[PDB]
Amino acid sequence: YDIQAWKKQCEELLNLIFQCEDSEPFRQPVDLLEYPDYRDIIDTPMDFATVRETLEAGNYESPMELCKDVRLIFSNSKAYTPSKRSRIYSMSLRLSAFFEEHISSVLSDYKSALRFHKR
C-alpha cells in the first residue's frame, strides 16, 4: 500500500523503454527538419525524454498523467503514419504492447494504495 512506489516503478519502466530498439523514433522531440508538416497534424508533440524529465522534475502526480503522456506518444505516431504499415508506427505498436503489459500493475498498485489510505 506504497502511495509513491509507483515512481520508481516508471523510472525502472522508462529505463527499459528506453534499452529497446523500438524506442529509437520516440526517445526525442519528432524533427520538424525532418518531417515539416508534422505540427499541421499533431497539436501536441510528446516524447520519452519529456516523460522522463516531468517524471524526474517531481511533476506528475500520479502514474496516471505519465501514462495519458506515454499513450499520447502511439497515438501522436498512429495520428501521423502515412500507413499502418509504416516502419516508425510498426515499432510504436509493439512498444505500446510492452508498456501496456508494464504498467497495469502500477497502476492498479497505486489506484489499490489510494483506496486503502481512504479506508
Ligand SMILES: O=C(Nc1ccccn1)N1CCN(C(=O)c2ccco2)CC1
Given for the second form:
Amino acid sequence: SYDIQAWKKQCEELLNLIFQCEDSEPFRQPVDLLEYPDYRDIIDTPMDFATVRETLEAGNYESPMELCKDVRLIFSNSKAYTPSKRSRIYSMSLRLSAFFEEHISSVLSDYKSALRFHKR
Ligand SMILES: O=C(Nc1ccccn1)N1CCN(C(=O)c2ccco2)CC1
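Output block for the form solved in complex with the ligand, input the form solved without the ligand:
Everything in the complex follows now, all chains and molecules, and the chain you saw is the first one.
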C-alpha cells in the first residue's frame, strides 16, 4: 500500500464509525457555552468531531497526523473539563479514545510508509 492519498478516505470512514458510536454523542458538535458557562475559562482550543470532518472535507488537513492531533484534543479537553474521573462524559471519552487509537494506528503507519517509499 504505497498510496500517499489513501489516508483521507480511511479517515472519512473512521469518522463515520465514530458518529455511529453512542459514546461520541457529547463530542459530535461544539460544546454548549450556555450550559457550561465556565468552559472557555478552562479550555483554550475547543474541538469536536463535526469540526474535524469539516476540516477534512475542506482539504485543510495535509496528513493524518494533523487530524489525529485534533481528535486527541477532543479527548484532552474532556479530561481537563471533568469534575471527576468518575464522570459520564469523561468515561465516554475514554472508551471512544481507545476505539479511535485502535483504528488510526494502521492509517498512520501506512501513510508514513508511503511517504518513505516516495523518497526512496
Ligand atoms: O455540551 C457538550 N456537548 C454537547 C453539545 C450539544 C449537545 C450535546 N452535547 N459537552 C459538555 C462538555 N463535555 C465534556 O467533555 C465534559 C466533561 C465533563 C463534563 O462535560 C462534552 C461536550
